[PDB]
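**Q** Using the sequences and the hints, build the whole thing.
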Amino acid sequence: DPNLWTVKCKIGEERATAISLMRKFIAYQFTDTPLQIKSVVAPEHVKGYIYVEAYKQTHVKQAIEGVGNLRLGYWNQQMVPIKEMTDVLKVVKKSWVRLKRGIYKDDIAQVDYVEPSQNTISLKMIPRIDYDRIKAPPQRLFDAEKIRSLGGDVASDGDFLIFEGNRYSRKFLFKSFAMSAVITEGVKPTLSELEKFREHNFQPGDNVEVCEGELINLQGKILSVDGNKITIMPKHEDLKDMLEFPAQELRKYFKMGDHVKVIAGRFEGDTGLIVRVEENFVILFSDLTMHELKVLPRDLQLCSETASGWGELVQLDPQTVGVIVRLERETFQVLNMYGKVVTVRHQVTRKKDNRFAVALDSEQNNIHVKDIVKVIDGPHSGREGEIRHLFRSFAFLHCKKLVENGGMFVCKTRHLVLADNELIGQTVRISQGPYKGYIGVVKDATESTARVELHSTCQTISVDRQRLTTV
Amino acid sequence: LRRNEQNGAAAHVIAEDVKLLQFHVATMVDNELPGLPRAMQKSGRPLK
Amino acid sequence: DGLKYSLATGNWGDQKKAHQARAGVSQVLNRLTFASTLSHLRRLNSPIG
Amino acid sequence: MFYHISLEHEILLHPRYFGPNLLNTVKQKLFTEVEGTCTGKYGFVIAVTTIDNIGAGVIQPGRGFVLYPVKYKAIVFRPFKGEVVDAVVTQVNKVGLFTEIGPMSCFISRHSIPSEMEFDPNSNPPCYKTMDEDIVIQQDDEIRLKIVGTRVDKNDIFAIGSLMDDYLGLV
DNA sequence: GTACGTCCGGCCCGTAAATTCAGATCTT
RNA sequence: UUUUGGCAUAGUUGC
DNA sequence: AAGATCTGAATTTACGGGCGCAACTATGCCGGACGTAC
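Residue numbers (the deposited numbering), protein chains in the order written: chain Z, 176 to 268, 276 to 318, 335 to 369, 371 to 396, 416 to 527, 536 to 573, 575 to 646, 702 to 753; chain A, 290 to 337; chain B, 442 to 490; chain G, 1 to 171.
These are computed hints drawn from the structure, not numbers from a lab.
Just so you know, even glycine gets a beta-carbon here, dropped at the ideal spot from N, CA and C.
Don't take each hint at face value.
[What the hints assert, rightly or not] To list a few chain A residues with every Cβ distance to chain Z over 10 Å, as calculated: (1) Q311; (2) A328; (3) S332; (4) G333.
[Said to hold, decoys possible] Restraint-style ranges between C-beta atoms, simulated for each label pair: (5) Z/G223 <-> A/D319: 49 to 57 Å; (6) A/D319 <-> Z/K387: 24 to 32 Å; (7) G/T90 <-> Z/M460: 30 to 38 Å; (8) Z/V267 <-> G/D153: 53 to 61 Å; (9) A/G333 <-> Z/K387: 27 to 35 Å.
[As the list claims (entries may be wrong)] The list that follows gives simulated cross-link-like pairs (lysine-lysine, BS3-like), each with its CA atoms no further than 25 Å apart: (10) Z/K601 <-> G/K94; (11) Z/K185 <-> A/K308; (12) G/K41 <-> G/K71; (13) G/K81 <-> Z/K473; (14) B/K445 <-> A/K337; (15) A/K308 <-> B/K445; (16) G/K81 <-> G/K41; (17) G/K81 <-> Z/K479; (18) Z/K185 <-> A/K337.
**A** Quick look at the structure:
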């Protein structure tokens with residue numbers, strides 16, 4: 176039987192090469208220079224090269240002669256070994279789609295109306311445009343007022359709108376796109392995309427028990443992980459031999475009073491300790507707060523890292547500074563000196580903190596930052612906190628026991644108790715001293731003396747300002 | 290190469306990908322390999 | 442661009458073939474004295490080879 | 001628990017402190033340093049009973065500082081797990097009880113308190129009172145609590161006490 | 001309808017190992 | 001209110 | 001006696017090092033595709 180030989184081809188032009196070779200064969204099949212090759216293969220997903228079926232390499236070389244697209248495989252060709260010729264032909268494989283071409287590439291598209299014509303479908307999209315303001335971009339909501347104000351290619355029909363290359367929108372882009380230009384299989388969007396429009419998680423080191431089978435109630439530490447049927451290798455108590463368990467047979471059991479973290483859900487990101495393990499309701503206390511958190515056994519993992527649980539000085543405005551008390555995705559929760567917690571945007576300014584600032588307490592004792600001070604008057608009388616930032620007449624106090632605002636509050640300082703030169707770059711004239719008569723330019727100046735670059739001599743000299751007279 | 294694994298593509302293409310990966314790693318450690326090209330940045334300059 | 446490159450750099454041969462290109466053939470003309478310029482213009486080079 | 005053990009510490013002496021009273025200065029500086037501190041591996045250190053041997057003062061050859069090794073017999077309290085320990089309740093709160101065991105501050109959590117005890121928010125002195133009134137938990141009372149576990153943070157040990165087991169609490 | 005402009009795809013030397021020839025301990 | 005920066009090729013030159 | 005094979009001992013290619021520092025000037029990625037504007 177003949178053999179397949181690899182020939183390097185121009186990328187993106189393999190099917191055209193196959194068509195051209197077929198035409199070449201048919202054109203010369205009756206002439207005195209026949210193509211002795213048998214077939215040409217240009218697979219669908221194999222990009223860069225094609226395959227030629229022949230008994231000889233010389234036949235391949237004499238058959239591809241005159242084809243420029245294969246010139247990079249002309250001098251040398253590589254045979255496909257025998258055992259592997261079955262793999263060249265081996266092939267594998276109100277909804278949501280994702281566009282293939284254009285600026286909306288790989289963007290989620292809610293199939294609004296499917297057209298039975300089998301040419302295009304109507305898709306709901308979030309516009310990635312600059313509203314004809316930068317061009318002469336991330337996903338953001340469609341603003342019809344902005345595109346009406348800026349003008350340009352814009353046609354308005356209330357909530358409906360046509361604009362910028364016949365892009366159609368309503369209230371959100373609503374545009375027809377080719378079905379072959381989108382993917383209908385393997386999108387699987389997330390909850391965030393739902394708003395816009416089982417699972418196994420075992421890790422090494424975690425403790426798991428056995429809920430069923432002849433090996434029941436054996437608790438061991440996870441070694442390896444795989445997808446569905448894990449065939450786990452758990453290090454049980456008082457057993458040197460390693461046994462096998464799938465994911466379904468196991469459960470994330472944890473003994474009382476061990477480090478616990480939450481992988482997902484409402485309680486994700488919080489660390490702490492479990493107190494009593496019931497059949498499935500596992501109750502824990504957080505490291506931050508002493509609130510009861512009840513979790514499923516599967517939503518628990520054994521990690522020994524300390525909780526994260536930040537506190538920067540930011541300028542709410544030039545008349546009032548602010549201290550960040552919580553970091554959020556698009557905002558900062560900031561605590562000012564008034565004691566009012568506010569929610570502000572990311573784009575406040577960073578003020579230069581004065582770590583050497585001195586403040587006076589209620590008893591005329593000097594206090595500084597990182598000083599544990601008791602509050603003896605004001606709204607927060609009775610509490611004790613560590614000074615973190617200072618003002619003319621205010622001081623911010625941190626307290627780990629106080630769960631509000633990460634422990635940050637503020638009190639007035641008096642209700643606490645401790646527990702260039704103008705002459706620079708100016709043409710001057712030395713009117714007195716040994717250097718009299720010389721014109722120069724002032725380099726550096728002080729209260730007493732000033733350096734002068736001497737115009738004439740290759741030297742700079744400092745002299746008293748009383749000896750200088752400006753031109 | 291990982292893509293060819295997790296889809297389960299052909300094996301000869303995996304072997305050629307392994308060949309080129311081996312070449313790239315060796316050139317990264319040592320850009321002097323007899324009978325093989327020197328690594329270039331698409332500007333005809335040998336890479337350190 | 443090839444003539445301009447070769448005379449600008451003194452590498453002789455193709456730009457992509459700078460590995461095998463004889464170098465230093467074209468030099469910046471020396472301007473310190475008239476004698477230096479004249480001696481540079483009448484200079485011969487022996488390659489190692 | 002309390003142990004009188006020999007420990008190794010290192011002291012950088014500044015050249016100003018040379019002359020007579022050098023070794024006395026090293027003694028005083030050891031006392032200023034080790035005392036009033038807790039460590040994770042060896043717990044609290046209360047006081048140095050004595051100094052066993054002052055090592056040879058090696059001069060660091062870029063600095064002028066002199067490194068002195070010191071062996072010293074000191075008393076250390078190491079809170080261990082699974083021990084009944086005597087304790088004095090120092091603070092009583094809604095969320096839990098704070099007790100002192102020597103230098104150590106033990107926190108008996110609300111769940112760790114037995115369910116036969118309930119906080120008394122109707123009393124001006126807050127307290128955990130039993131349903132049948134056989135023991136009252138207030139500040140400054142002699143109790144015997146079981147250490148559920150020692151927990152170290154910033155090289156300072158706080159443990160959890162429990163009274164679930166018999167023969168615990170006020171006696 | 002055409003093209004252009006600009007954003008995405010491609011001499012030594014010593015070693016040192018590989019190549020070549022008579023004991024040797026067999027088989028006859 | 002106190003900055004900072006290309007690099008790695010070739011040539012030439014000085015002792 | 002013979003005949004091996006057969007195992008220690010003369011001859012060919014291949015890396016791979018190749019003076020100190022210091023100073024100066026001198027040069028240094030693009031081609032198809034998709035869209036805008038005219």
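**Q** Could you run down the list of hints and mark each one as holding or not?
**A** Tested hints:
1. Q311: The assertion about A/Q311 holds, with a minimum of 17 Å to chain Z.
2. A328: Consistent with the label, A/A328 stays out of reach of chain Z, its closest Cβ about 20 Å off (over 10 Å).
3. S332: holds, 20 Å
4. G333: Its Cβ never comes within 10 Å of chain Z, the nearest being 18 Å, so this holds.
5. Z/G223 <-> A/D319: 49 to 57 Å: Because 28 Å falls outside the window, the suggested range is violated.
6. A/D319 <-> Z/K387: 24 to 32 Å: violated, 44 Å
7. G/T90 <-> Z/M460: 30 to 38 Å: The hinted range 30 to 38 Å is violated for G/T90 and Z/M460, with Cβ atoms some 49 Å apart.
8. Z/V267 <-> G/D153: 53 to 61 Å: At roughly 54 Å between Cβ atoms, G/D153 and Z/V267 fall inside 53 to 61 Å, so the hint holds.
9. A/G333 <-> Z/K387: 27 to 35 Å: With a Cβ separation near 45 Å, A/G333 and Z/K387 fall outside 27 to 35 Å, so the hint is violated.
10. Z/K601 <-> G/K94: holds, 22 Å
11. Z/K185 <-> A/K308: holds, 21 Å
12. G/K41 <-> G/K71: holds, 17 Å
13. G/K81 <-> Z/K473: holds, 16 Å
14. B/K445 <-> A/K337: Violated, because 28 Å separates the two Cα atoms, which is more than 25 Å.
15. A/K308 <-> B/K445: violated, 40 Å
16. G/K81 <-> G/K41: holds, 14 Å
17. G/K81 <-> Z/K479: Holds: G/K81 and Z/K479 sit about 23 Å apart, inside 25 Å.
18. Z/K185 <-> A/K337: violated, 30 Å
Violated hints for the displayed structure, listed by number in ascending order: 5, 6, 7, 9, 14, 15 and 18.
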